[PDB]
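Presented below, as structure tokens, is a lone chain in the form solved without the ligand.
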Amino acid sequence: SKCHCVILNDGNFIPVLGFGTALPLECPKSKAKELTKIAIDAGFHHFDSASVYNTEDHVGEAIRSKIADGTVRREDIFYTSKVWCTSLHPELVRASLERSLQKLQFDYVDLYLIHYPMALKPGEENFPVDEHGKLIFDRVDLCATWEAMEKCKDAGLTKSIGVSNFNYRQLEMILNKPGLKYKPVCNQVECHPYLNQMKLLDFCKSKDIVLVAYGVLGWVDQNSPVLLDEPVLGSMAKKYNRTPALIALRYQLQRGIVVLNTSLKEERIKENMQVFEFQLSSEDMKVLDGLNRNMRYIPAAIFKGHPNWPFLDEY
């Protein structure tokens, strides 16, 4: 339990820097094993996975390996999973979490999220499509998923519950539910200097909810200027002799935001702990606040026509 940590509203602690375990589609899923071992040797305790990545076997094998040989204990690991759009029906939530625990060979996850606020046809295929390649959308009472999330916590299957990719109104719906037992501890969303999420952040904090960031570092499209090509991150990196990456990471930390980051490169994975080594100044923080340009690199476009698509409201 030794940590660079913030407390969540149910009294559990999460490491403020975590390792994402979704892979490039061109990687063998086994790559998440190797990367997890590397991230563990680098000093990472927080691992972020979901049913849908198809990486949870490999990550658990990585972690169990490093428990066996005594690098870490289970209690030193903060592990996150998420229920996928296809299992949001209340009966389907715990069944999917129990499956995940089978794949990991765990007793529990530390955190369990609703991945999106959008249901798809059950069950086995993660992207159920019809004749013309369009997702088959489903209906569910999210308040009922939540109740089901809530029972998973009571059963000891997960230590905390939260959500991901909710807008503030979808968050509201949960918080105003009659008979609510547990608030989401977090809302995990895309967050970076180009999409700094200040209004959602401000709303979460007002409701005792932690913001957890991903997409933290952001042919014509592919090769046009990128988030880390950003001139101000470039100069602040040199001004600090850190990387542009490490500026954007530290930006988030000084804002009380939990950061997830990933990389295929070990040297890259190790550099993340540098985020603990320096500090940005009040003025650099305010300059960095000025980069916000409503740039959403991860809009989930195939879901765009779903009634519950989170990315329409302002925040």
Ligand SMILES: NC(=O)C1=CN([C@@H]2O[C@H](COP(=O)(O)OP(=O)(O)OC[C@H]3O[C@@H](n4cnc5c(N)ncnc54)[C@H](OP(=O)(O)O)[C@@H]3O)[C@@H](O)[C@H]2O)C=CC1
Given for the second form:
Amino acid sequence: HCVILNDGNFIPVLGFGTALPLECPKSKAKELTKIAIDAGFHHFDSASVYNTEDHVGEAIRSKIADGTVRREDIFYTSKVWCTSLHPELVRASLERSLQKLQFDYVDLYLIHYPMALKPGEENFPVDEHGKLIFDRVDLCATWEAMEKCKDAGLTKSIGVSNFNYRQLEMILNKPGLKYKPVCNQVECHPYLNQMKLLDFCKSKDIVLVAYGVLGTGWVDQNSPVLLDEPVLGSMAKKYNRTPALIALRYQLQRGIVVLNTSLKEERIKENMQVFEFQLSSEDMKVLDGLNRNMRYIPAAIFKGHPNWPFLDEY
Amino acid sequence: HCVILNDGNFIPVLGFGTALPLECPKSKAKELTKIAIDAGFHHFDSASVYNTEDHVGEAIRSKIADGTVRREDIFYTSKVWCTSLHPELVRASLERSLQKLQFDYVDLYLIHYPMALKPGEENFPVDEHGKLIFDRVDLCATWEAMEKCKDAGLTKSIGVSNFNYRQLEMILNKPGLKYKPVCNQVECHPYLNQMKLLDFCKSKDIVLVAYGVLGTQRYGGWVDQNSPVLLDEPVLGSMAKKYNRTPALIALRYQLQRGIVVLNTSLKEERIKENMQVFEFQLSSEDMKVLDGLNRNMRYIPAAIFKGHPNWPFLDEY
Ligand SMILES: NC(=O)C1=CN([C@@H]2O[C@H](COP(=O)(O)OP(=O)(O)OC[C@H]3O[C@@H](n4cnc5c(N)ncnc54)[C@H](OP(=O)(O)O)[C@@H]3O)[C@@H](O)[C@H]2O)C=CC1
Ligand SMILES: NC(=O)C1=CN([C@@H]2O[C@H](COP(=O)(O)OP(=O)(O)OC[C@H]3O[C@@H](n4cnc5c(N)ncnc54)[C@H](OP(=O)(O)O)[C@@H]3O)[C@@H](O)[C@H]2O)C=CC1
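Return one more block: the form deposited with the ligand bound, after the form solved without the ligand shown previously.
Full assembly next; the chain just shown is listed first.
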């Protein structure tokens, strides 16, 4: 099951992300990758900052050798980090990724955040007081750097992540614009259905790829989470499905491309089930009523940045 | 190595926390307890809300049965959750606990947080909008319930956890006070040395028990997790090389020489052992004030779900 980006390319509605817990060995990514592939996953979401590329790349390659899948049956997304938003550093970043993955190209390249930091190896440069050392950049300048990457054939498509209405407009209403972003990858779940941004994105032919659709110290990790919501728990029993699926399907029927991950092979398989059922129109209106502007990933570490995308209503 | 509490009792300066990562089956705790026991640990920090007591109590009893340790050689701590802060519930919890652990008594009982929630089985009662159902309670009335638990012999010592200046004052300056809290168990580490709260507690014969002394980088998603991490702190990493010790160890040593009781844990037996090494070295006076200069008000455990509560302890400077 796919959908089609405003650049004529197609993308799988269900994607397996590859960001790993701080603990887990980069190597773990590789194993989980394979698992997903054998589970039917063809869409892999990764980023240069995650530092799992080289592994996610190895895994994909491995399944290419034993012919379990063809390179053109795999949609691989990579993202450019904040420390490489300066035009001249955008392409060096994508090639570097490609080098680790040993791919000729990627199927999607995103600007990870509409914010920039001091260029350098350290993905998180900081001062003597421990504060992230920001940096200003002409994003429209960065977007051109991306368009060229698409023209250079390094990526079949390009887009953005964690961009807000204005920031998206800032690019759309760009003088000279050649390619519009095919998507805005943002957190979106029943407690943050991102409708206002979703409809803006729809009225521009841009696809909203969702992450944090299930919500990722003792008290906080044991505080009621998203998949605890009774509006789900019950509705889950209704369809004899698990709440996480109810959560998944909900994002799907909205025409939202949903990402997702797990370290448990038992759950990874379970997520393909999202195609085994539909939600009544009445239930969809019920989930639309759970929203409460609960942004689980605010990117706290950025707050004082000139471009924090989450200050605006959307 | 012990230290004495203002109630005449002694407490091990090094204890093991029995909290478990959301995943790990409640059972894991048992195994982990036994492990640490066989590594020299005698102080075990626990709490009702963790639901690891019956397991932690099974490990201690098992080790008592095979003559590896005697009961009186184990300093066990429990805390009363937010949902049982009403005077008429405090003792019910403590007994509930003793039942699962199968202990005649606990060595220390603390008020887990200065905030209360809707009495009930759910430790995190919420409304139809996902918000926690707060509830007001007269802390002093609770402390009176805490004192009676002492006299009833159910606990040897009593204290508070995650209290700030004012909240401690509000207990100390309590008319008719019988037993001052023996300690204030808070989060404390090189990036949050709690110094101002530390001195106040000392000037009041209240010991300070530090948890999260190494870096949980919790609360927040993957993004925030990457932010500058402690064990990577150069000032520590270097200093560690200077004594041929691990950074975490420099961190545990730093808290000890300040008269602080430290809690710590791990799921790696290799690390649980390595911890005893905190007693094999000393940090020079100079190195001590170097680590003092690391502070940066970095609270990793804010108890975010409580922000809106009337008694959220982390708004005041301390
Ligand atoms: N562009 C951006 O800004 C961001 C992109 N992402 C992308 O999204 C991917 C995943 O998103 P993430 O933020 O982790 O959040 P998710 O919404 O995927 O939820 C995270 C948690 O879901 C749990 N889970 C998975 N399957 C099930 C199930 N069937 N039932 C119950 N719980 C389940 C997992 O637990 P367990 O591991 O124990 O199974 C995991 O910790 C990343 O790897 C990345 O590619 C993420 C954040 C930001
Ligand atoms: N009353 C309250 O409100 C609270 C009480 N607590 C108490 O404090 C206890 C411990 O505190 P906690 O917040 O967990 O924080 P800790 O500082 O104990 O962090 C625990 C982590 O330390 C890691 N670790 C242990 N030794 C080393 C080492 N030598 N080098 C590197 N990493 C190491 C472990 O990782 P790994 O497992 O990978 O080895 C483990 O996950 C709890 O179990 C609980 O009893 C905690 C929070 C709140």
